[PDB]
Structures are given as C-alpha cells and as structure tokens.
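The form deposited without this ligand is given below as one chain in structure tokens.
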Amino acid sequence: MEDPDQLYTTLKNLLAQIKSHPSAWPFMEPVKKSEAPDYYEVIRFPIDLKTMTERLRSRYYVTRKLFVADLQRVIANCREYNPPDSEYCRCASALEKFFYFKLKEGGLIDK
C-alpha cells in the first residue's frame, strides 16, 4: 500500500468471507474467562474475528502482513491452548484451510 484503499477493501472482503465460514464460530469473539479462566495469562496476544474487524475498521492493518499475522495467530493461539484434536482445533484446521485458499485466490500469498 501506496494504495491503502486497495488493501483495505481486499482485507475487508477477505474478512467478511472468513467470518461467514461455519468453522469461524469459536473465533468470532474474545474468549470469555468464565469459560477459560487462565486464557489471558497463557495466551499473551489473544486475537479473535471481532477484534480483527475493529482493527480493520480503525486502519490498524496498514500492511497485508499485519492482517495475516493476526489471522494466523487466531489459529496458533487455538493450537497452543486447546487439545490438538479438540472441536476448537478441528474448527481451526478447517478455517485455516479455507483462508489459505482465499489468500491464494486474492493473490495475497503465492499459489
């Protein structure tokens, strides 16, 4: 981005699609402590799709890499905190596969 608008609309279109995928459900909002009470001690950079939407809209994502780092961390955080064949991790693999196909579709990583 010396074309910030192209980046913005590309990311917004990407994220709208990611949030539409059925495996995005566990990652739609920040982890509640009433469910995972040590989460925010164990996971020091928590990330979710609501926070990512707020970051997009406030122009946090000035590079594609900042967006991809946060998206990839939604998955890495899941795999660090949850059992590898838990439902949550099942979803994480499904959503990751889907967003890599999208990243590749949008020319955002190599195909």
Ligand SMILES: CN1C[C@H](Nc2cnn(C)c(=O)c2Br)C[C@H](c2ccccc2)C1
Given for the second form:
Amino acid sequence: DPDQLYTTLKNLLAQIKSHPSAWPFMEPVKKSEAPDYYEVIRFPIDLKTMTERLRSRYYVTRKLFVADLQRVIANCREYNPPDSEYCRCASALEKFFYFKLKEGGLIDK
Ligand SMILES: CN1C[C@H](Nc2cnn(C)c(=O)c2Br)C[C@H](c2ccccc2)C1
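So that was the form deposited without this ligand. Now I'd like the form solved in complex with this ligand, please.
Full complex below, order starting with the chain above.
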C-alpha cells in the first residue's frame, strides 16, 4: 500500500523533526564543522535529505526509511566521541523514534 506507506512515513518524520534532540541532524554536516567527514562517513544522511527522499518517493519500503533513520544515529556514533553532545542527542532522538515506530506498528512492540 504505497499511499498508506507515504502518509505514515510523512507523519512519522514530521514528529521526529519536531523533537528537541533532532537539532544536530536537521541538515547535512558541513565541511567547516568536520573537514574529513565525507571521506570518513561514506553514506551521510540527515533529516532534510530524508524529507527530500520521502517527497520524491524514494522510500518505497518501510525498511528503506528505517535504514536511513538508523544511519543518522550510526554515523553520529561512528564519527563523534561516545561521550559528546551530538551522541547524547542521537541517543535521545533514537529513544523517541523507537517509541514512535512502536506506536505506529512499524516495528514489533
Ligand atoms: C549543519 N550542522 C550540523 C551540525 N551537526 C553535526 C556536525 N558535525 N558532526 C561531525 C556531526 O556529527 C553533526 Br550531527 C549541527 C549544526 C547546528 C545546528 C543547530 C544549531 C547549531 C548548530 C548544523
């Protein structure tokens, strides 16, 4: 059901982008912030790119969406110190989006 999938993902992403811990991940990492980021992290992803992918019908499966979302967090944990503000935000956002994924029946409760 592509129409159910699209609206469900749109509604989920709107909530994720509204969370206070989403701020580090709203737009792509800039080279000024981390000059080697795009050599280290080979599949960079952020919530603006995910919005763009959603709206162009890239997410033809739930799993494609969940893979990008989980990679926002995984990239952050690979690049940044494990005890850092970005990693704290990643963990907070992760906790929230798993609650929402469960609420939406998009993973097992
Ligand atoms: C585009 N850029 C991404 C930053 N997030 C970053 C930066 N560098 N690295 C290495 C990261 O992992 C993340 Br997440 C957060 C920043 C910002 C966002 C809001 C307010 C102040 C700063 C806006």
